[PDB]
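Participant: Single-letter residue listing:
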Amino acid sequence: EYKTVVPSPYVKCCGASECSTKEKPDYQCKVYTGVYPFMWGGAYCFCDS
Amino acid sequence: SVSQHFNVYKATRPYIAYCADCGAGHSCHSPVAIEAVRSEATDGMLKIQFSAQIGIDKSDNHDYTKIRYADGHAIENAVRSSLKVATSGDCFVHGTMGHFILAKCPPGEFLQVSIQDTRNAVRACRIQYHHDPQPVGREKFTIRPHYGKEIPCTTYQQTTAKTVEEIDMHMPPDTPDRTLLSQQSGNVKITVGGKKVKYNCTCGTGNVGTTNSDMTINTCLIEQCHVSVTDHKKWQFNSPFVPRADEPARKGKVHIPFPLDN
Amino acid sequence: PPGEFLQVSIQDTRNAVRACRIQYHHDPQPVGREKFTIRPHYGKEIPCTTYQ
Amino acid sequence: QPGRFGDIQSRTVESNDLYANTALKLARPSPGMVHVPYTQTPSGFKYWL
Ligand SMILES: *[C@@H]1O[C@H](CO)[C@@H](O[C@@H]2O[C@H](CO)[C@@H](O)[C@H](O)[C@H]2NC(C)=O)[C@H](O)[C@H]1NC(C)=O
Ligand SMILES: *[C@@H]1O[C@H](CO)[C@@H](O[C@@H]2O[C@H](CO)[C@@H](O)[C@H](O)[C@H]2NC(C)=O)[C@H](O)[C@H]1NC(C)=O
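Residue numbers (the deposited numbering), protein chains in the order written: chain Y, 865 to 913; chain B, 334 to 595; chain D, 439 to 490; chain S, 1011 to 1059.
Wrong hints could be hidden among the right ones.
What the hints assert, rightly or not - Over 12 Å on every C-beta distance to chain S, these chain Y residues come out as not near it, computed from the model:
| no. | residue |
| --- | --- |
| 1 | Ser-884 |
| 2 | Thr-885 |
| 3 | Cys-911 |
As the list claims (entries may be wrong) - Here are the simulated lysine-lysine pairs, DSS-like style, with alpha carbons at most 25 Å apart:
| no. | chain 1 | residue 1 | chain 2 | residue 2 |
| --- | --- | --- | --- | --- |
| 4 | B | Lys-437 | Y | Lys-876 |
| 5 | Y | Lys-894 | B | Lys-584 |
| 6 | B | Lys-473 | B | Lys-584 |
Rather than coming from a laboratory, the hints here were simulated on the basis of the structure. Beta carbons are placed, not taken as given, at the ideal position from N, Cα and C, and that holds for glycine.
With the sequences and hints as input, model every part of the structure.
Facilitator: Now the structure itself:
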């Protein structure tokens, strides 16, 4: 039996990110644009979109 | 030594995560959010991982009757005689250490872990986990008989010694806060509160940086600036429910308790 | 939770227990096409009716 | 093949290499939240057992 390792997501405010491929079994990475994360205190970044 | 066994735990702190159901079907932010459940042993001894640490006080010291949990920006303590685990009935807690609870439960469908607060409130987190045990052998019994046979099986020991299995440790990210702002006539006053604060304002020019005091910025509205706590000298567990800091590198390793034994 | 009967109990001034117990066949099926029990952390929004 | 015997493969117990095929798919996070949504066919070893 196996397990799935997923690290904490990277959130970048007022910028752009691009992930490179690594040599790991069934490695899946993706980048999503237009996010407005929230936390217990408040908004995470000024940048709306 | 037993007190010496938590030498690594002097460099870790609990956290607050996102619990989908915390008692009344309302998604909330909880200090006892569950992360994963492991049931490798054929005995049926569930091992549960959750944010709150058991066995350490706020003064960063060994104590077996206290549980330290994150609350706001600080760390509070709760009595250890007020921890409940339930699947369909009241379970039985066998062992605890730090991030992990080793217990046993009757058959059910959902797993719920509850603790008490300083104000005598109840903080609980409940997830779905289809659990039913089948004992080793060819008989589906429930209670150990007083005369029978011995079969090898796998269980979890209560020894807290060092083990191969490890968990990762990462730098906690900056937590935004909006209770550190005040409006006075036509200016915004921000308070240190004893922690480093990173601030970014849009009004004016050159109103961005980091501070450790109480400042006032003139001709600025309260919605025009963001402040965030940035000290975070301790280490936090790498969880998918919290954002990752700027550094994408591993920061530490912590040995897991309760290995698997025959 | 699901069950066959219903009991409602309070405490008296003399610290006694006063309870009533009736039969009511309760088995709630969540709306939609999935028979789940716990709300997930990722899914879809579907209209439903509740008590305010 | 995913969902059946042999989803996770290894030459030996101490081998450092591994072959994996389990159809790990990522999804876009829900608005106003921080999390990573992923869908994956369950382990074939448990089903075979
Ligand atoms: C402080 O916040 C401002 C926005 O309120 C950030 O300025 C943005 O920077 C990005 C990066 O090029 C630009 O694309 C945006 O157009 C800028 N917004 C505005 C309104 O000018 C600024 O980067 C933030 N600074 C820090 C240190 O976080
Ligand atoms: C159950 O007992 C077996 C037999 O001793 C253990 O399996 C052996 O573990 C040692 C560890 O040093 C290996 O060198 C042997 O190769 C294993 N035997 C076989 C046949 O593979 C097993 O570890 C015990 N169970 C647990 C949970 O410890």
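Participant: With reference to the structure, classify each hint as holding or not holding.
Facilitator: Do the hints match the structure? See the list:
1. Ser-884: holds (16 Å)
2. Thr-885: Answer for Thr-885 of chain Y: holds, closest chain S Cβ roughly 14 Å.
3. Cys-911: Non-interface label on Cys-911 of chain Y holds, nearest chain S Cβ at 15 Å vs cutoff 12 Å.
4. B:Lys-437 x Y:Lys-876: This hinted pair is violated, its Cα atoms lying about 42 Å apart.
5. Y:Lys-894 x B:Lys-584: Roughly 24 Å separates the two Cα atoms, so the pair holds.
6. B:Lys-473 x B:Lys-584: violated (46 Å)
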